[PDB]
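Novice: Spelled out, the chains give:
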Amino acid sequence: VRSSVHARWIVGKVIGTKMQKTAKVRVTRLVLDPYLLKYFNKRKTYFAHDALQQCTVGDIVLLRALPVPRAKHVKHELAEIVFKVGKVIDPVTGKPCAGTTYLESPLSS
Amino acid sequence: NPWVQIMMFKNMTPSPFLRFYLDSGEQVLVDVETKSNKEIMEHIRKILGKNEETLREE
Amino acid sequence: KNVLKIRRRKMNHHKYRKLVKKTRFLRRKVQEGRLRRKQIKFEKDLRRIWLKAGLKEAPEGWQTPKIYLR
Amino acid sequence: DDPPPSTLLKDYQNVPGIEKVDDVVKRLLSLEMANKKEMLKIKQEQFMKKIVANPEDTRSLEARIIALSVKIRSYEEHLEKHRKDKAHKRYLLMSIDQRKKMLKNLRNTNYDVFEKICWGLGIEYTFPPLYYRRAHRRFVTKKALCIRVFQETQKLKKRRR
Amino acid sequence: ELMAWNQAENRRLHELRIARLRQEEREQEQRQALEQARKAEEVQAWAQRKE
Amino acid sequence: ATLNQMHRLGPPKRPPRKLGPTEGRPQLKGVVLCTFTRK
RNA sequence: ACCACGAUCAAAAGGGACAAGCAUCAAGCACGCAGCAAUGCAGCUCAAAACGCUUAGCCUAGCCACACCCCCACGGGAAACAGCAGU
Ligand SMILES: NC(=O)c1ccc[n+]([C@@H]2O[C@H](COP(=O)([O-])OP(=O)(O)OC[C@H]3O[C@@H](n4cnc5c(N)ncnc54)[C@H](O)[C@@H]3O)[C@@H](O)[C@H]2O)c1
Ligand SMILES: [K+]
Ligand SMILES: [Mg+2]
Ligand SMILES: [Mg+2]
Ligand SMILES: [Mg+2]
Ligand SMILES: [Mg+2]
Ligand SMILES: [Mg+2]
Ligand SMILES: [Mg+2]
Ligand SMILES: [Mg+2]
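Residue numbers (the authors' numbering), protein chains in the order written: chain N, 4 to 112; chain T, 59 to 116; chain 3, 128 to 197; chain L, 65 to 225; chain U, 104 to 154; chain J, 31 to 69.
Read the hints as simulated data drawn from the structure, not as lab findings.
Heads up, some of the hints might be wrong.
If we take Cβ atoms under 10 Å as the criterion, some of the chain 3 residues that face chain L in the derived model are [as the list claims (entries may be wrong)]:
1) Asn139
2) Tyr143
3) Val157
4) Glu159
5) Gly160
6) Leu162
7) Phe169
8) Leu173
9) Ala180
10) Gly181
11) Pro186
12) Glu187
13) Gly188
14) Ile194
15) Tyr195
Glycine is no exception: its CB is placed at the ideal position from the N, C-alpha and C atoms.
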């Protein structure tokens, strides 16, 4: 009722930024193999409107469905950047981190 | 939950955590460090799982 | 180990090398005709492309190189 | 640029009173009277001081990148003279691939240090190709023709409109 | 109500994390002091041999 | 094969059954051209 | 309902999903994006199988496709049982 786009909220990795104000994002879902009964990753490509062109290749982003498609393949918009590439902020503690190590200690604050 | 997009990330933060994105746009953060898998299941079932009453009604 | 299989491989290979020696000249003509036809096919595919695009002729200055002639 | 030959060895630079010695001793304890390895060590120390936050920590990814960059420069200098040294060509290519992997990890983990490493060492990071397939004569010629035909189609469309 | 409960649980786990991190920092301080003394001794020996 | 390889390859693809002299038909009508004997 | 408020049913349009074999079909050749437009950028799909050839009505309270042929049917070939009985 709010949108004609099937996928409403999706999380992906940005794999392309060569289009103006548009980010090419790779979204992985878990699909059960009918024979092996094991979950494997299935990939799909989405084009997300990035008005400010703040997306970099490799960062994890959240995409929200547009009310209607603004182009043939652009049906989504960048709601936020969940993880900036190489600039991750730990949501649990709110401190910068490099991989599994704290760049700034939680105790310091 | 076949229609819920589940995605995994490895060695990106010093501590493990779960994040749920809701249709309203609200985000639920669950810290799971020091917790057993059964505890995580119970917690997520309690906070975002349908209760048995709704399942029996369905 | 299978010495029959290796001896069968030897006989098959030796017989094959006799055939190519006997018909070496006929093979060369077949190969050159095949290369001619393959070049013609490549040119036809290129022409199909610029015809479907809309151009009535080839792109200006373009000449289909001979990529198969030795 | 290489360190000047008068520079002291890495192990003989903090010795007390090393400036109060004779000129002959200074020459003997300099890069002029040493193999290329000491000179590469001096490059590594200089790069560490110029780039990394803690020059003493050789265990960081940035330090490993600097060391492998020095090694790659040494291999390239060797191969300029030794064109037919296949083993050293292999070593150079393998080291380049390893440095690319380390740079990818650094970019994924610490972007600020990644930028500092890229600027300091003059490394231009490139993303890997998506597909690995031979570009034979037929494909290359066909792709060139397709690009030309697209250009001509664009010109004609501009003329029509 | 459930969201508020989850947030409270997160805060409790954060307090426990702070306590554990403080203990780890104290132990790290002690160990680092020990190895720093050892490195200083090694540096002194290295410098003596060079002199 | 590993589970990943099995998932990649997928279910076994059985080649189509070979058609015999009757071409998958019970019987066939025919006209005799010549009769003879074989050893 | 018919006074519509709306329910039921269900086209066109938009999003998603959706058969089999062959990779000795490996590249497709304009397949994208941004801007009110003017126009600008050079991009888009693809070994997680694009593009292509071949096979087959299907997921059966039923559904899809066809209604002699040229996909279609202004038009042409031409004069139509793939309705029942029948030849
Ligand atoms: N074909 C690619 O360009 C490509 C790109 C990314 C990943 N891969 C991965 O490589 C594996 C092999 O794929 P395949 O059986 O279809 O190739 P293949 O062996 O059947 O050969 C076809 C093409 O794939 C290339 N190829 C083969 N092995 C590769 C590899 N390990 N990495 C990259 N390219 C490779 C070959 O150069 C060739 O051009 C797969 O797991 C695939 O996910 C392949
Ligand atoms: K028809
Ligand atoms: Mg419809
Ligand atoms: Mg293959
Ligand atoms: Mg063949
Ligand atoms: Mg049929
Ligand atoms: Mg009929
Ligand atoms: Mg018809
Ligand atoms: Mg009838």
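Novice: Against the structure, test the hints numbered earlier, and report the numbers of the ones violated in rising order.
Specialist: 1, 2, 3, 4, 5 and 6
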